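Enquirer: Construct all of the structure, not just a fragment, from the sequences and the given hints.
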Amino acid sequence: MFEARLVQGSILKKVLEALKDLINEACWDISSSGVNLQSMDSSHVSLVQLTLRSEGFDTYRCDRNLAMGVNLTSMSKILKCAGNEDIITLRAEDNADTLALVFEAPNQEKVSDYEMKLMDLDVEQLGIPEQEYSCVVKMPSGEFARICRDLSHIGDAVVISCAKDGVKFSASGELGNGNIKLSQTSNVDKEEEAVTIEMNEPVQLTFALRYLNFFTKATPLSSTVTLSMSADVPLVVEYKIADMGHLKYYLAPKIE
Amino acid sequence: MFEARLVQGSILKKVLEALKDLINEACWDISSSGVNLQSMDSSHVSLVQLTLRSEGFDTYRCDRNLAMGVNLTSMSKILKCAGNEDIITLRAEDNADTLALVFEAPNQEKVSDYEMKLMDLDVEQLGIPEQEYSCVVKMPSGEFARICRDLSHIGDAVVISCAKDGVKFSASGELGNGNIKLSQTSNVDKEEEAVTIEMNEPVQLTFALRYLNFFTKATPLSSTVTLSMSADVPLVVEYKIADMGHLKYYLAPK
Amino acid sequence: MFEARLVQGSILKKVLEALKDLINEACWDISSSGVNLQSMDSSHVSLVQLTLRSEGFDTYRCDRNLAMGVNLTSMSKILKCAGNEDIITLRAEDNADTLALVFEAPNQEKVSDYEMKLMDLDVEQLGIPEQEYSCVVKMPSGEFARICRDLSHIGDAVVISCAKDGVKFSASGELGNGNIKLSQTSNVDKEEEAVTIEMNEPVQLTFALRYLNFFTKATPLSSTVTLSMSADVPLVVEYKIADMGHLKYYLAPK
Amino acid sequence: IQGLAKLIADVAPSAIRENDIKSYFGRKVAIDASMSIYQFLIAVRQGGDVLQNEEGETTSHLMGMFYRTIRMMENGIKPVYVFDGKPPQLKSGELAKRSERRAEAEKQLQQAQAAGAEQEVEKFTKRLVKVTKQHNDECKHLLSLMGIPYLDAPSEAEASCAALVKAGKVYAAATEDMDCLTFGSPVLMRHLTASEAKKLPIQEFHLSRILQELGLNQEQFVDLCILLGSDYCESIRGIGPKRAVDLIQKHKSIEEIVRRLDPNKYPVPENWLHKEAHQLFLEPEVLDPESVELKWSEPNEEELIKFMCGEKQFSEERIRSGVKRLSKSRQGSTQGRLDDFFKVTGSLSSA
DNA sequence: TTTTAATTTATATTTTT
DNA sequence: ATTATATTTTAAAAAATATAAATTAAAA
DNA sequence: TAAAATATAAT
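Residue numbers (the entry's author numbering), protein chains in the order written: chain C, 1 to 256; chain B, 1 to 254; chain A, 1 to 254; chain D, 3 to 353.
Check before you lean on any hint, since a few could be wrong.
Claimed, not checked - A few chain C residues facing chain A, derived, Cβ under 8 Å: (1) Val-7; (2) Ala-100; (3) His-153; (4) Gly-155; (5) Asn-177; (6) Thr-185.
No wet-lab data here; the hints were simulated from the structure.
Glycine is no exception: its CB is placed at the ideal position from the N, C-alpha and C atoms.
Expert: As structure tokens, then:
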């Protein structure tokens with residue numbers, strides 16, 4: 001009942017490269033308004049809110065609401081078959097035991113049909129309020145992935161402190177402590193280098209950093225990371241796709 | 001005394017990177033027609049027939065029909081020393097039981113002289129009867145490399161169904177069911193964009209994928225690979241090596 | 001009280017992935033002349049003498065001749081955080097045992113401030129006297145790195161013999177044996193693809209090749225390797241780091 | 003409980019989560035001590051030796067749970083080693099039966115060392131194991147010097163682990179047996195080891211998901227574990243686990259199934275103790291959970307060198323590095339949980 | 001895109017006494 | 001005539017260590 | 001305390 005032809009394989013490939021190792025199985029919720037995934041980590045600390053809107057899919061139809069529970073390692077190994085410019089057609093028919101991924105080459109020569117088996121899955125959904133956030137930093141995505149990769153060598157935790165002079169990612173461990181400080185570049189506000197700090201209250205929160213390294217595998221999806229955080233609320237790492245939806249990553253802080 | 005000069009030494013580098021994982025020890029047959037290798041792999045499934053003719057060698061000179069017992073991991077390690085533009089000279093004296101590979105630089109400043117011990121091993125030359133193959137496809141080796149590489153993620157069995165309209169590679173496993181279809185391309189027989197099919201009757205066989213990935217390792221030799229198959233015969237995976245020789249792989253269907 | 005700021009700190013990065021593998025922990029002897037690391041192998045075979053003079057440090061300011069013992073695995077993991085074009089400012093305190101490192105981006109908003117745990121160890125001064133060396137060669141760095149890496153597949157030892165025609169590296173082992181000969185080029189360029197030899201007397205020397213593989217991790221520092229040797233003295237592998245300092249690698253011959 | 007884990011794996015596999023050791027990082031988990039003592043006095047044999055010191059005092063269990071507790075603070079899991087005390091009287095025959103099984107092993111010991119076959123000597127050295135008040139007091143002394151809280155149960159400590167989970171103090175019980183799911187614990191750990199990260203992954207059993215996916219409550223789950231084989235009382239001979247679920251899912255209590263089942267097909271045992279076993283599995287003589295407070299303290303260094311290595315004549319660098327790893331892992335920020343912040347507004351099943 | 005070159009990682013030994 | 005089931009019987013760890021292997025990020 | 005193997009048994 002569900003058909004979804006999307007003209008570029010890069011978006012779904014980068015989504016499943018983002019989700020192949022943070023979470024290991026998930027249940028996609030597919031309606032006529034788009035394809036959502038409010039999946040919950042087995043470590044019980046991270047949430048994924050993936051939304052690919054129906055206007056993003058360039059040929060989209062869905063007769064009824066349908067939830068399919070896939071193992072995303074298998075879905076990532078099957079979307080690894082597609083290239084970076086293939087057209088991916090998602091198909092799911094009545095009594096959906098398999099999901100058909102069709103990879104059409106842009107030169108109209110190679111068609112690759114993949115009938116991935118599904119499984120019975122029951123993933124609980126969590127309640128996300130539309131809430132105002134105290135500190136919202138917009139960052140280059142390669143820059144934030146670089147910061148997480150740098151601080152992962154130092155320690156197992158990061159202390160993000162947001163203030164009017166900038167954001168400061170601190171890390172303490174056996175090696176020492178590193179403080180990557182970033183100023184809000186108001187003069188250079190281009191597409192890539194766009195560090196903008198919406199400021200309501202100075203916050204200082206300690207997060208884990210292995211889960212931030214899992215989050216920063218979503219870095220080829222977009223060039224902007226929106227880290228939104230309040231004083232005790234879990235932070236949101238939003239990878240705002242210019243085409244379709246978002247990939248929000250919710251991570252709980254560490255409390256002393 | 002065997003002497004064989006090859007300006008494109010990256011060709012021989014790609015050959016010994018192709019036959020590294022398949023064949024541990026090989027019996028090179030050197031004649032005045034050229035270099036041959038009819039060797040069967042370590043798990044005794046796939047046969048390998050390398051043929052480098054003497055026309056592609058810039059200076060070929062041999063006297064007897066020499067048998068070379070060469071550990072191909074050792075020859076692969078020694079050919080890893082050469083660059084992609086190095087000139088490779090194979091030399092072997094009659095009395096000496098060693099093979100000397102001399103790498104001249106393209107600008108002639110780094111003369112390398114490697115010597116490799118040759119072991120004594122049994123002649124695995126059993127021959128092969130040639131067949132007029134029913135399904136012969138001449139299709140780009142990058143696409144075949146992609147097809148075997150991404151169908152190995154599902155299972156260890158590719159069912160090739162070959163017909164006039166197109167070629168289907170299916171693979172059923174514990175995590176999905178892949179089906180890659182390639183049709184004929186009317187792009188005036190390009191080197192990397194031509195899937196040309198010649199046909200006798202539509203045919204369907206099943207092959208392993210460990211050995212198909214081992215054949216996928218030979219893809220830097222040619223931009224176009226020829227797959228030949230018929231009714232319960234071994235698959236021929238043929239790489240035309242820069243109009244000098246051909247490397248044929250024979251795979252028994254599972 | 002100590003400051004050492006240099007605009008391109010990829011020099012310091014490539015020093016730490018040059019000598020992070022030989023030495024587990026080394027004493028940076030920091031004086032007003034600059035940084036003079038002088039230590040030995042973790043297996044106590046090969047010596048490392050790093051000298052970074054204060055001329056290429058773009059603001060250098062030292063007041064006391066400190067001797068701080070850095071964990072080079074920790075220092076290399078801290079300097080993996082810097083990019084290839086970060087302004088690196090080394091900061092130190094005479095009281096505190098913390099070595100601060102400030103990385104500044106070319107787009108000056110990303111300021112990184114990493115501290116380091118130190119150690120007050122005292123290695124003994126093995127000050128090698130400088131003598132008139134007989135044989136000295138100046139090769140490309142990629143050439144000598146390739147020579148060590150492709151003779152390490154053969155055996156653990158290399159015989160370096162230099163003469164009027166050129167230099168020859170000879171490895172041997174159960175893989176076989178290999179001779180690499182490099183002639184002196186006729187001045188193609190000053191630093192890029194040029195081997196120059198200066199000669200006093202013919203001598204061949206046998207060195208371990210694993211230590212030479214560890215020595216060739218300094219090859220992205222300078223484009224010229226200056227091997228210096230004579231009869232029954234350690235080989236001096238010299239890297240002239242961008243006309244600022246030198247990394248000397250001393251290997252006792254077998 | 004005989005075959006409950008295989009029954010849950012066959013019937014309702016969504017109630018078992020195959021979680022990793024490192025994913026939790028700050029979860030309070032009660033541990034049955036005596037099962038870990040038996041694991042660390044069986045597996046730590048090299049062979050014919052006991053891995054005891056030069057004076058003969060057995061100390062393999064001390065070093066085993068030392069390294070296991072160190073790796074649980076390293077992975078963040080804060081343990082509560084609940085120790086077994088006086089067992090209930092319905093087990094008092096059966097444990098005695100278990101002891102005469104050991105006596106049979108004692109009998110087979112004179113076919114072990116008399117013949118000289120060392121493999122059977124090792125195989126029955128692994129079966130003549132018995133926990134002792136010396137072993138329990140040594141381990142309680144060790145956990146006193148770690149600062150890990152230890153609780154001496156006044157009854158069977160599986161029920162006390164289920165009482166500590168049911169009070170909301172600890173999240174889960176680390177007992178590998180299926181007694182704690184019958185006793186009433188919502189979340190159960192299994193194979194909570196240290197080094198076997200992927201050879202034995204953590205099998206988290208949710209009793210709420212079990213009772214949801216089997217259409218049961220606690221009463222008929224206790225009755226279910228009586229029919230399919232219980233440690234406390236005897237079970238009916240003709241009913242295994244598949245007949246247990248097929249005859250609890252159609253009749254709820256145990257009074258209805260002991261009336262209408264004929265003695266010709268499935269005869270009841272002549273000494274029925276299912277009501278007393280149901281009372282001991284529903285309302286055991288557990289400790290007061292709020293009377294005890296769980297505090298994790300820093301490990302005393304030189305006392306742990308004096309007890310752990312002094313009279314046990316072990317090394318010093320290895321144990322000192324382990325205590326340094328425990329002090330590094332304990333002193334840190336406790337990781338918050340996402341269930342505390344976002345409320346579960348619903349669940350989604352793949353349809 | 002493709003290889004190297006590290007970089008962990010899952011095996012598999014051995015004493016831990 | 002497979003499905004169950006209760007019989008017999010095995011089994012329980014964790015350090016470092018060296019070494020072979022599969023990613024992953026780095027470097028073309 | 002746990003799982004498997006295999007003869008045995010009844011739905």
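Enquirer: A separate judgement is required for each hint: does it hold in the structure or not?
Expert: Checked hints:
Checking C/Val-7 against chain A: minimum C-beta separation of about 34 Å lies over 8 Å; hint violated. A cut of 8 Å between beta carbons decides the hint on C/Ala-100: the least distance to chain A is about 44 Å, and the hint is violated. Below 8 Å, beta-carbon pairs count as interface contacts, and C/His-153 has one with chain A at about 4 Å; its hint therefore holds. About 11 Å separates the beta-carbon of C/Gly-155 from the nearest beta-carbon of chain A, more than 8 Å, and the hint is not met.
With a cut of 8 Å, the hint placing C/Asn-177 at the interface with chain A holds, because the nearest CB-to-CB distance is about 5 Å. Checking C/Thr-185 against chain A: minimum C-beta separation of about 5 Å stays under 8 Å; hint holds.
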